[PDB]
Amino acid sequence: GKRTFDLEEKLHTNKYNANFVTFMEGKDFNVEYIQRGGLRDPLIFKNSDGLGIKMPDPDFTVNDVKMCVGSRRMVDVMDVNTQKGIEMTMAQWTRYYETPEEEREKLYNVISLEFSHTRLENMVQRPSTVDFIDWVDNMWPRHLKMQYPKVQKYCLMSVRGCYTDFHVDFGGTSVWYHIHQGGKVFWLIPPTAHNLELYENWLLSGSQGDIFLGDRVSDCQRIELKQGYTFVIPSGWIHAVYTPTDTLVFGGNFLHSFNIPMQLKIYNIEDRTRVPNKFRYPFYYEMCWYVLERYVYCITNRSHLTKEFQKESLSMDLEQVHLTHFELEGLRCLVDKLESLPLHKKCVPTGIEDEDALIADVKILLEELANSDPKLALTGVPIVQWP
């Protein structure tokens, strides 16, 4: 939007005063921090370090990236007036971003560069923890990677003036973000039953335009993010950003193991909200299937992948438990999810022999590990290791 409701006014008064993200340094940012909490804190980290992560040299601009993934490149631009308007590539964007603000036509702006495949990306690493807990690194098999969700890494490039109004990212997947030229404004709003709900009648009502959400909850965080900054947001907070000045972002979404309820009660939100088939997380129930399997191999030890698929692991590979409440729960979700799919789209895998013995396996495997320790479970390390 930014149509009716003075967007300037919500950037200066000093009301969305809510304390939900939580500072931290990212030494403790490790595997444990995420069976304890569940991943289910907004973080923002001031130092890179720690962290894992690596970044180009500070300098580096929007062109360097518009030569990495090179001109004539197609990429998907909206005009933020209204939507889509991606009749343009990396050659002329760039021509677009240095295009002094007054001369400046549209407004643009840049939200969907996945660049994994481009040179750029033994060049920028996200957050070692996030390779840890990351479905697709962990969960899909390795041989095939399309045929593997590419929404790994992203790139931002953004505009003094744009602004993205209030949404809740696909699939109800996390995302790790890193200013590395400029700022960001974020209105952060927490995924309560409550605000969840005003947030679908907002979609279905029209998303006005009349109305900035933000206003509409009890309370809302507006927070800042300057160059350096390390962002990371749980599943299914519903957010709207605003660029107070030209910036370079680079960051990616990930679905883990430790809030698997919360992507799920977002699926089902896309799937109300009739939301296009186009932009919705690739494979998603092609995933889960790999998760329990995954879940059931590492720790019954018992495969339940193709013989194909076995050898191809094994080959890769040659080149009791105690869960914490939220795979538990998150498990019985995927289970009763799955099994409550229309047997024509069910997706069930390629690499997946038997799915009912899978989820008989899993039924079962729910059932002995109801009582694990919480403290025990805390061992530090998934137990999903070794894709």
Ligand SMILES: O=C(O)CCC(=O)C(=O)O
Given for the second form:
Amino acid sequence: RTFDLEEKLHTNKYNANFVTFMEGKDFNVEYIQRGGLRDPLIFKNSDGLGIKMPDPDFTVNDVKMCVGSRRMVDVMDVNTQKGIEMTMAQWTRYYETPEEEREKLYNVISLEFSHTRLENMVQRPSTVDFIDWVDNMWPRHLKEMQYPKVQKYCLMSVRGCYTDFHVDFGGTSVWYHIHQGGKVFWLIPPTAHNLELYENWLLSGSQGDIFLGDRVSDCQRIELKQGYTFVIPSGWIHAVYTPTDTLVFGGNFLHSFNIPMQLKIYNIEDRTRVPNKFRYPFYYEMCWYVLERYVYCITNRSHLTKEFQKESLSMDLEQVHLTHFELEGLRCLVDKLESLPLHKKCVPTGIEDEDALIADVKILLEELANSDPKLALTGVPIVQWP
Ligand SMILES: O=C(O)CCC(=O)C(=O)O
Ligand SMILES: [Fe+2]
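Follow the form deposited without the named molecule with the form solved in complex with the named molecule, if you could.
Everything in the complex follows now, all chains and molecules, and the chain you saw is the first one.
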């Protein structure tokens, strides 16, 4: 902590214009097919989004219950890092310690609660339910851990905590709803140039002597108030600061319209030697399912084992025009997966022949090469009914 955060919080120089303000109603799948979720969005009203949030007088304490006290939570010491020593019990008591009495500066930005009752209490925007790689790609009988359980998040921050510049794991995109309080964001776009600066910055030790926002040409500091829903696209480098005690509900997802950046970031994580602890769980296994789903949804030719096919069929019994976004995306998924050394192709377990799959994708990618953008804008993803 060499640079003055206060300065970075009050100078009016991060005036870039990256964020697009819109109405939740306008946020549908045709929008994603049209823009490819390349812009960070802010919805002042939750109207049209299809989200559901607890009675707003909900408090951290109300959270220490639903999840479960004595339920170890990863808590970071915004003055250095880690200290996940505590559970909700110790934490809740910390949240309510008047600022001055407050000894440490703690932040909880990892509580993933889909396990707890809190789940059916919180609901993400329906558009995100349409493109989420998990709900839509991973075999459903495996989520009814052997499935990426990194979907719903509950961040709880105190006045003063600051999360330094980073790009969310796996190049995931993220949605946040400020339930109580507010947050200040510094946004930097995944410009090839910026993404280089950022990687070199993580190698030099992410010094903390340099404010990354000052290293780039254009940065936008945004302010999220109570009630806003925030969407950050895959790849963006951002830093966050909690001006006051805030409670946020959100999540990190993967979709099929910005696959190249998603892989772009995984490879940064690979070169930056990020510990396998903080890696998106089952990244490549997921990728294999994405392809198998595409081939099956477009071609009706399944590539899962008979067993898996049976479950998918049981559960149920209870041409096509792609955007360039997906065509270029599938291309990367194919090339990426092929450049993986044999022992580490992480072929999921529900897949018969990966080669037959890969062969079928390459053929699929050439037959569909000429897709009409207009005709592609179907308003609904081709991969549906997980
Ligand atoms: O609010 C914060 O401190 C960090 C938010 C977060 O989870 C992220 O930017 O990845
Ligand atoms: Fe983030």
